[PDB]
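*Asks:* If you want the building blocks of each chain, they are given just below.
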Amino acid sequence: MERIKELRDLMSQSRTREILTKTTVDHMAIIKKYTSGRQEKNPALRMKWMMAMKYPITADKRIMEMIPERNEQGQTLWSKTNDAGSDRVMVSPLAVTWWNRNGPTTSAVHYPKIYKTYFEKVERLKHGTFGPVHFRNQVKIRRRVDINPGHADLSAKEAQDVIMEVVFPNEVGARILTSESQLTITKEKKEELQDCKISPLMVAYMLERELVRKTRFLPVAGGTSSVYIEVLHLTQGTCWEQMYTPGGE
Amino acid sequence: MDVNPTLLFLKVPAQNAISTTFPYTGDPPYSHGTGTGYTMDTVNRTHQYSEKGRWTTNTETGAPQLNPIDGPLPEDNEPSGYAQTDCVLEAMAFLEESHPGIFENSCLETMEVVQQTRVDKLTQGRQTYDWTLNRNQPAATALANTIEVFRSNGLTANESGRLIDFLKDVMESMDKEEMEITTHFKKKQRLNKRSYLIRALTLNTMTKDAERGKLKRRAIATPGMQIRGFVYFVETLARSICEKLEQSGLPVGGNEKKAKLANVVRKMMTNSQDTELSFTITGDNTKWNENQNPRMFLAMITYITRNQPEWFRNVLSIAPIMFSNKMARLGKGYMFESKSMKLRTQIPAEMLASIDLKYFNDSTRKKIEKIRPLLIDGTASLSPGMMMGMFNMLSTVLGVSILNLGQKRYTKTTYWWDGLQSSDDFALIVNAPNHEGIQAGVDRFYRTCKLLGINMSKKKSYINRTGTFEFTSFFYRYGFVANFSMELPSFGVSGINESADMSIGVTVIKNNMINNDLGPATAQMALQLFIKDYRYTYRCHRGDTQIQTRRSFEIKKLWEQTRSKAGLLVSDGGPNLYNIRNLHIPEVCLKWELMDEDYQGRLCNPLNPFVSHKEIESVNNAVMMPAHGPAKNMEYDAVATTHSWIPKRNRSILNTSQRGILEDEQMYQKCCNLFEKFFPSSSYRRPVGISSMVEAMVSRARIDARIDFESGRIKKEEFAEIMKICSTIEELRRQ
Amino acid sequence: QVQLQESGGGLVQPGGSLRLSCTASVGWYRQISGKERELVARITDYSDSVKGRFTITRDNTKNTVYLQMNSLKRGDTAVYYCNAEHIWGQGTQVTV
Amino acid sequence: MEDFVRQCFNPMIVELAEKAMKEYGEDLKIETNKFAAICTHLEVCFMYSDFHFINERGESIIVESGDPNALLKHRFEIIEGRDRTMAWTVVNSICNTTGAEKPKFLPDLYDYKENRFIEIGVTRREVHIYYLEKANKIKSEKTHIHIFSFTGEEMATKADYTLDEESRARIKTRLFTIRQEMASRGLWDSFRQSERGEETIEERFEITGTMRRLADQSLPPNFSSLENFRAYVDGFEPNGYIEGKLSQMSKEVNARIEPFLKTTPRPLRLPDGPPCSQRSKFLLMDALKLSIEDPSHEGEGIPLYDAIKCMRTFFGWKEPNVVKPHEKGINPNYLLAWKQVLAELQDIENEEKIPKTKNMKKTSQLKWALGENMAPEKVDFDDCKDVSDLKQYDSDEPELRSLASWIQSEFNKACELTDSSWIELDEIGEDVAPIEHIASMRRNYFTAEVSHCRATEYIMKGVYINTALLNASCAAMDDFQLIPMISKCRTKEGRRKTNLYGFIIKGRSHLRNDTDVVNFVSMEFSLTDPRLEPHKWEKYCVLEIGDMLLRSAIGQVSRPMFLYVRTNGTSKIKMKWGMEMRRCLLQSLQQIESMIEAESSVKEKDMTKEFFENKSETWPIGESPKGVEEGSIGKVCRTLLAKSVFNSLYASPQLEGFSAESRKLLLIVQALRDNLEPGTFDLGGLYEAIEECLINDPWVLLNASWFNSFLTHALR
RNA sequence: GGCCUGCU
RNA sequence: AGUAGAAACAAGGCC
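These protein sequence lines map, in sequence, to chains A, B, C and D. For the first sequence, our numbering assigns the number 1 to the initial residue and increments by one for each residue that follows. For the second sequence, our numbering assigns the number 1 to the initial residue and increments by one for each residue that follows. For the third sequence, our numbering assigns the number 1 to the initial residue and increments by one for each residue that follows. For the fourth sequence, our numbering assigns the number 1 to the initial residue and increments by one for each residue that follows.
A few of these clues could be false.
[Stated by the list, open to error] Here are the simulated DSS-like pairs of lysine-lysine, each with C-alpha atoms no more than 25 Å apart in a straight line: (1) A:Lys-54 x D:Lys-492; (2) B:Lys-460 x B:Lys-257; (3) B:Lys-715 x A:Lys-5; (4) B:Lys-216 x D:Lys-245; (5) A:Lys-140 x A:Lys-113; (6) B:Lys-11 x D:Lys-626; (7) A:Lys-22 x B:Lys-565; (8) D:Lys-245 x B:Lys-408; (9) B:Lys-614 x A:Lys-214; (10) B:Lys-257 x A:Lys-140; (11) D:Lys-413 x D:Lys-492; (12) A:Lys-22 x A:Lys-5; (13) D:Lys-605 x B:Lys-11.
[Stated by the list, open to error] Covered by chain B, per the in silico footprint, the following chain D stretches (three or more residues, Cβ under 8 Å): (14) 86 to 100; (15) 206 to 218; (16) 242 to 250; (17) 369 to 383; (18) 495 to 503; (19) 609 to 623; (20) 627 to 638.
Since the hints were derived computationally from the structure, they do not count as laboratory data. Where a beta carbon is used, it is the ideal one built from N, C-alpha and C, also for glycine.
Whole structure, please, built from the sequences with the hints as guidance.
*Replies:* Structure, rendered in structure tokens:
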């Protein structure tokens with residue numbers, strides 16, 4: 001109901017009507033990236049400079065109807081002045097902390113299921129067992145190794161269709177996945193995330209990260225396993241070796 | 001006793017303590033005003049290194065151009081751009097012979113990419129010179145403006161959605177009698193053929209800031225949008241070629257560079273017997289970009305693309321053809337001050353052609369006098385050579401050809417050489433039975449380099465025995481030695497957001513521990529200092545302290561409200577649980593089991609009004625410009641929390657005549673959000689097609705209302721309401 | 001903490017030479033009548049007025065700082081004080 | 001033939017078919033019979049779908065015209081007439097909502113009763129072959145297929161015909177209308193067989209027009225056209241052309257190697273001129289501290305109250321008077337500013353609660369001291385052209401200045417220990433791995449070594465001052481603000497303490513660019529008399545403000561106590577980089593830990609404890625008149641920390657240039673000392689490159705002097 | 001005096 | 001004045 005209604009409201013005004021009519025689907029990306037905002041050259045300097053202002057961050061308009069304009073002593077939490085090239089409003093950082101102490105609460109039980117990679121890292125480290133540190137010269141030789149320890153033996157494009165069919169089943173188009181490994185992955189990640197309401201985009205991004213294999217060139221000495229490379233900073237050094245066995249093994 | 005750190009080198013070798021010689025703890029030099037002086041100096045220097053060439057006047061642009069190719073051979077060691085066509089063609093032929101099938105294959109993959117590439121690939125670029133407004137703007141904005149102007153003028157082949165078609169339209173625009181542009185102060189202005197040619201062939205010049213390692217400032221250039229597609233295709237070909245060359249090091253990272261350097265030094269020295277001596281030259285090329293003539297790149301590519309479809313050759317040749325006629329905008333201008341009357345003034349650079357020379361000092365006066373003959377419509381012709389490393393990969397190809405030309409099969413002498421080339425820098429390992437052989441080999445290498453328009457900087461170069469050398473701030477001494485002073489500037493808060501900054505800092509510490517041999521105790525100290533600076537920057541202190549800030553009240557009440565205070569994030573005033581073992585874990589997941597369910601739910605709430613995600617590309621990618629290197633992007637692990645807000649924008653557009661761009665931004669974003677709600681996959685996979693917005697949106701409204709009734713909330717009343725509302729918007733689009 | 005004892009002052013002719021010493025148990029300063037106290041030499045660093053004419057040396061073994069003054073002029077007439085890092089000597093007269 | 005589609009069919013269908021024509025990219029002028037055939041297919045699709053509605057039952061309600069109501073459901077909903085992307089969108093949506101099977105090709109319609117697809121195709125040939133043809137094109141299909149053909153016959157599997165027969169009579173009447181209208185036209189010479197499935201195209205990228213002429217002007221000097229040059233390149237083969245030009249090229253083009261021996265390198269020449277002055281934003285060696293001995297932590301507390309309490313701890317105030325003038329400014333303004341600061345400090349002391357941040361009055365005194373309303377007004381060139389004085393901004397090499405001995409002593413005392421701990425580090429996760437324990441022990445050793453160091457005190461001073469200045473500039477852009485210099489330490493006894501060096505008055509700070517300058521005036525207490533090294537205080541104005549009595553065995557000194565007052569300035573970049581001075585600790589201690597690890601790779605054991613306690617090994621860390629002096633590892637730590645701190649304090653382009661061009665020569669000298677037969681092509685050029693960076697910065701000149709001393713001691 | 005902006 | 005260094009800041013524009 002609503003969606004077509006703001007569609008009609010947009011088409012009511014002449015300029016947006018022209019934008020909707022003359023613009024083709026292919027140009028979607030271009031106009032979406034059409035912005036006057038330059039990409040910052042020195043982010044640290046301005047982050048240290050903007051945070052000294054009042055209302056340094058930006059938030060959706062809806063914040064004006066969930067968080068009061070001021071806190072107990074009267075420190076303002078949000079302003080009604082919109083951003084430069086968006087309908088979002090500039091708000092103070094307190095509106096963040098406020099949201100974490102009296103804002104609406106939900107059931108975050110499914111975030112562990114979504115962010116599978118990070119929670120698997122935590123579980124692997126929690127059950128790890130350290131050993132003695134041995135001091136001897138390490139011959140670090142540079143090798144190509146896979147960093148992602150949960151890659152399902154799929155490439156970027158190869159798993160992209162799987163991700164769409166898992167999250168966006170209707171926009172798949174011609175592709176119907178042939179490999180049965182992809183079939184089982186789709187089934188599992190479909191039944192597992194059937195009602196998760198985090199965001200389609202973040203779900204797709206994390207599925208891409210988990211399933212897609214990624215490789216990088218690093219100086220290693222021993223190890224060479226996927227689980228042993230994520231902790232390469234902790235097990236191998238310039239003149240010391242720290243024996244380690246992740247919780248998985 | 002007087003303390004002197006440098007004397008420490010009397011016991012510790014120079015490379016084992018080279019980090020002490022990198023003052024990367026202070027503010028790097030910045031330029032303050034116009035870069036016009038540097039632009040003029042660079043143009044004059046590029047034109048006078050090729051003075052002995054031949055002059056001509058282009059019949060289309062009417063600008064004077066200098067061709068030094070096949071000019072007189074140099075008779076001195078000064079820089080020279082007199083490259084010889086036959087010599088470079090022979091070098092490329094030998095490169096092909098030593099690597100058969102390189103050019104044909106690379107051309108095949110490049111042909112595939114060119115004929116399947118899309119227009120949107122041009123949006124994935126940093127600032128570009130929009131000619132519609134004569135100023136630098138984001139790549140997407142400039143592309144959109146140029147497409148709009150083309151469509152208004154009648155060039156609508158780009159509607160096919162293909163980059164090749166966009167380039168076809170671009171070339172067709174060159175043969176138009178009169179184009180029309182828009183200006184706000186809206187006014188429609190008409191550009192004749194020559195003016196549009198110069199506007200499409202021109203470059204915008206700026207001054208490079210945050211450049212560490214030299215006393216003087218330099219100038220850099222940014223091209224337009226008409227020529228970036230050809231550049232993209234040419235660089236794709238050059239990258240595909242260099243990926244097949246082990247002597248190149250430009251298309252790889254740092255660790256790969258070190259590995260290849262070690263391999264080449266071991267190969268050269270180990271194969272050398274006791275009788276052969278080995279010497280390493282740590283060479284830098286003086287005026288690398290100013291001495292590389294685009295015509296020679298045209299020759300190299302047309303030799304590479306031999307026995308290929310003529311359309312491929314034409315599309316790959318268009319780029320150097322435009323660079324050979326490239327023009328450069330002088331710059332921002334010049335600012336004058338009058339102390340007697342106590343005032344200041346800012347004259348644009350376009351007045352340099354006619355403005356009197358009484359206001360300029362002797363140096364600038366002479367520079368303007370020398371560059372005036374080349375001024376055409378406020379921009380100077382820069383045919384002789386490249387401006388700033390636009391063809392990095394082709395230059396690397398030429399250098400690799402030079403390196404391979406001494407494989408002992410072409411030297412025809414006992415001496416021989418090899419090494420690694422990365423544009424403007426090289427390491428050359430030369431072996432010969434005696435010092436005379438080494439001298440002859442280096443002399444012939446230098447002479448051959450001078451025949452290709454490449455000069456070796458004698459002041460910044462030195463030769464020693466193999467085993468010790470330098471390459472791009474990587475010091476090799478019987479094995480590469482860590483520096484850690486190049487990455488020091490990256491140890492602070494990045495400046496993206498709270499969660500992003502935390503993750504980026506911990507990940508940078510981890511990486512520099514893995515690669516740059518950062519010590520454990522040093523890493524712990526870095527973690528402590530980073531946490532201190534992070535808390536002091538975001539006004540998020542431990543919460544149990546009495547440090548009054550603008551955010552210390554809400555943080556303190558959250559602290560007193562929470563029961564398990566060990567689960568609070570550092571952003572919310574909680575303890576830091578990070579350590580050397582936890583540097584690869586996001587903060588949210590490390591504290592997940594310690595958080596109270598109420599605070600956990602409030603933090604990671606999808607309905608939060610702070611989190612905003614635009615595209616799959618910008619989810620967890622942060623662009624950090626590294627010190628002493630080109631802009632780079634990093635993947636940082638982070639959980640989407642309420643702290644993932646995006647900061648405020650500039651907001652200074654409101655005082656400029658270009659104020660309508662914000663309204664267009666808002667309307668485009670509203671339409672894009674509506675489309676995304678209609679097409680959820682709009683962000684992850686960019687939609688493709690040739691239909692218009694409202695058609696897809698209305699038709700999908702039809703179908704989705706239908707099916708969501710066939711099972712879902714909709715009802716006949718609502719379904720029919722949607723159907724007739726779709727009809728209403730249909731008849732509205734009719735009129 | 002340190003005590004400073006000067007020696008070798010007195011009366012000398014134009015163009016002459018004189019040798020001051022300071023025993024510490026570091027530099028030389030001078031004050032002319034009606035003028036401020038100026039640095040002569042420290043240990044090396046030297047005032048422009050005395051460069052190539054006066055030479056300061058230091059023996060760490062015996063904590064002693066000799067000042068050799070050659071090519072003396074009427075403008076070098078002053079009370080000369082030893083200093084150690086600030087501790088000052090009593091001052092020794094030099095009259096050219 | 002196109003005249004037929006001009007005449008008969010309605011607009012809607014003709015433009016739908018025209019967009020379907022554009023879909024796959026073939027042109028309509030070459031073969032139009034496909035257009036007519038597929039538009040008739042689309043027409044039968046409509047006429048079969050429309051006029052057919054359903055209500056809550058099955059048994060479709062058929063109405064010749066849809067009446068106004070909610071009962072406008074369509075019996076058959078069309079697939080084709082849409083783009084491929086949307087056709088597959090509808091296919092997938094139907095499959096996911098109907099739970100049916102996804103076909104591999106494009107259907108034409110969907111129906112509810114039987115909950116499935118219809119692929120309508122009316123071909124010229126008879127049905128009973130085309131049916132099974134398209135059937136074997138589609139794999140294992142449950143979608144029912146139904147086709148007509150011009151003769152008037154119908155067929156289908158299951159003997160199934162899904163709706164009314166009068167509609168099918170309609171279809172075949174339409175069909176024979178088509179047929180015996182072409183009868184009047186006469187198209188069957190090709191109508192039965194006009195499409196055979198042609199798909200081919202050649203990509204054409206032709207250079208022509210102006211862009212061709214440009215190609216003719218981008219060739220070597222003796223070429224006339226791109227065609228000729230490409231022909232020459234294709235016909236070119238290597239025939240020893242590099243050798244000919246190498247032989248013909250003049251022999252003066254050479255890269256002769258000049259041997260580098262012990263006697264080759266000469267000392268770097270230093271510039272001569274007036275002595276070098278002080279550039280720091282605060283006093284480093286001559287600072288004085290007024291303290292309270294409070295238990296508050298670094299950030300804990302309120303600045304103004306702490307400053308006032310510290311200042312009340314000192315007795316002996318005198319009416320201030322000029323001691324050493326600025327020599328270029330108006331010292332009475334500085335005097336009046338100091339008295340104004342004191343008066344307003346008392347004014348705060350009187351009132352109820354000390355404000356967290358105070359704003360000062362904008363008197364003419366600080367208007368001059370902060371440089372207000374001095375920027376020339378910006379105007380247009382067309383209005384100021386006849387002014388003779390109008391010229392460029394002064395752009396020349398900075399003034400030349402010779403090195404002085406004060407920077408050496410300042411660095412010497414910047415590496416000395418202190419009676420306080422100036423670093424209070426944060427918390428870290430409890431160490432769980434033995435390597436973490438080793439790291440923590442190492443870190444504790446270095447903290448014990450460097451905390452009691454003047455370099456750490458300077459780090460904290462700079463960080464706090466720059467943080468406060470940046471925050472005040474960003475918050476109080478317009479109005480002058482008072483900020484007391486505060487630094488909190490911990491005594492040997494363990495009691496925490498605060499220290500007040502002085503005050504900073506920040507002025508207008510409307511900073512837009514990263515290079516825009518915010519001016520402030522800094523006042524700092526000290527005891528060092530400025531009458532002994534005046535050249536070091538060229539830009540300072542120093543007053544006499546009181547007398548101090550520190551307990552000494554020589555009765556009690558009762559020393560004078562002066563106020564160094566000056567006008568200084570910074571910028572956003574400088575403030576940001578000065579507030580990250582803590583990474584000097586990193587740099588230094590990373591270097592020391594690299595030393596320790598490198599040495600411990602030799603002996604298979606951690607070597608930190610004996611390095612820090614036994615102090616047997618020592619490194620050359622300075623030269624005394626007797627000779628080179630070596631110190632323990634802790635002294636090396638402090639020396640490197642001081643070097644990094646001074647790099648961060650006296651940063652400048654000169655420093656970067658000298659560092660690079662002297663690291664080059666240092667590497668060459670190291671190669672010489674390693675017996676690696678180093679050689680150079682132009683050493684004079686390198687020397688000139690190094691010597692052009694030394695202009696007036698005290699730090700870079702001191703570094704150059706150190707480099708000369710290192711060369712003198714090396715090369716032996 | 002009143003209001004706008006701080007990488008456009 | 002001051003910062004800074006091959007050109008700039010020491011507020012800008014709009015009424």
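*Asks:* Now tell me if each hint is right for this structure.
*Replies:* Hint-by-hint comparison with the structure:
Only pairs whose Cα atoms come within 25 Å are accepted, and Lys-54 of chain A paired with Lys-492 of chain D is rejected, the gap being roughly 41 Å. This hinted pair checks out: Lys-460 of chain B and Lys-257 of chain B have alpha carbons roughly 21 Å apart, not beyond 25 Å. In summary, the hint linking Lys-715 of chain B to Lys-5 of chain A is supported, as the alpha carbons are separated by about 17 Å, within the 25 Å threshold. A threshold of 25 Å between alpha carbons decides the hint, and for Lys-216 of chain B with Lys-245 of chain D the separation of about 37 Å lies outside it, so the pair is violated.
Proposed proximity of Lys-140 of chain A and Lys-113 of chain A is contradicted: the alpha carbons are some 37 Å apart, above 25 Å. For the hint linking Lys-11 of chain B to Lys-626 of chain D, the alpha-carbon distance of about 19 Å falls within 25 Å, and the restraint holds. Our distance criterion of 25 Å between C-alpha atoms is broken by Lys-22 of chain A and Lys-565 of chain B, whose separation comes to about 56 Å. Using a Cα cut-off of 25 Å, the hinted pair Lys-245 of chain D and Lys-408 of chain B holds, with the two alpha carbons roughly 19 Å apart.
Between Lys-614 of chain B and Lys-214 of chain A the CA atoms are separated by roughly 23 Å; this keeps the pair inside 25 Å, and the hint holds. Only pairs whose Cα atoms come within 25 Å are accepted, and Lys-257 of chain B paired with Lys-140 of chain A is accepted, the gap being roughly 15 Å. Simply put, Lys-413 of chain D and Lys-492 of chain D have alpha-carbon atoms about 20 Å apart, close enough for the 25 Å limit, and the pair holds. The hinted pair formed by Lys-22 of chain A and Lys-5 of chain A meets the criterion: a straight-line CA distance of about 20 Å does not exceed 25 Å.
Between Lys-605 of chain D and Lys-11 of chain B the CA atoms are separated by roughly 22 Å; this keeps the pair inside 25 Å, and the hint holds. With a cut-off of 8 Å between beta carbons, the region 86 to 100 of chain D has 7 residues touching chain B; three or more are needed, and the interface restraint holds. By the rule of at least three residues with a Cβ nearer than 8 Å to a Cβ of chain B, the coverage given for the region 206 to 218 of chain D holds, with 11 such residues. Residues of the region 242 to 250 of chain D with a Cβ under 8 Å from some Cβ of chain B number 6, which satisfies the need for three, so the listed coverage holds.
For the region 369 to 383 of chain D, the stated coverage by chain B holds: 7 residues have a C-beta nearer than 8 Å to a C-beta of that chain, and at least 3 were required. With a cut-off of 8 Å between beta carbons, the region 495 to 503 of chain D has 0 residues touching chain B; three or more are needed, and the interface restraint is violated. A stretch counts as covered by a chain when three or more of its residues have a beta carbon under 8 Å from one of that chain; for the region 609 to 623 of chain D and chain B the count is 5, and the coverage holds. Using a Cβ-Cβ cut-off of 8 Å, 3 residues of the region 627 to 638 of chain D lie near chain B, which meets the minimum of three, so the contact claim holds.
The earlier numbered hints that this structure contradicts are 1, 4, 5, 7 and 18.
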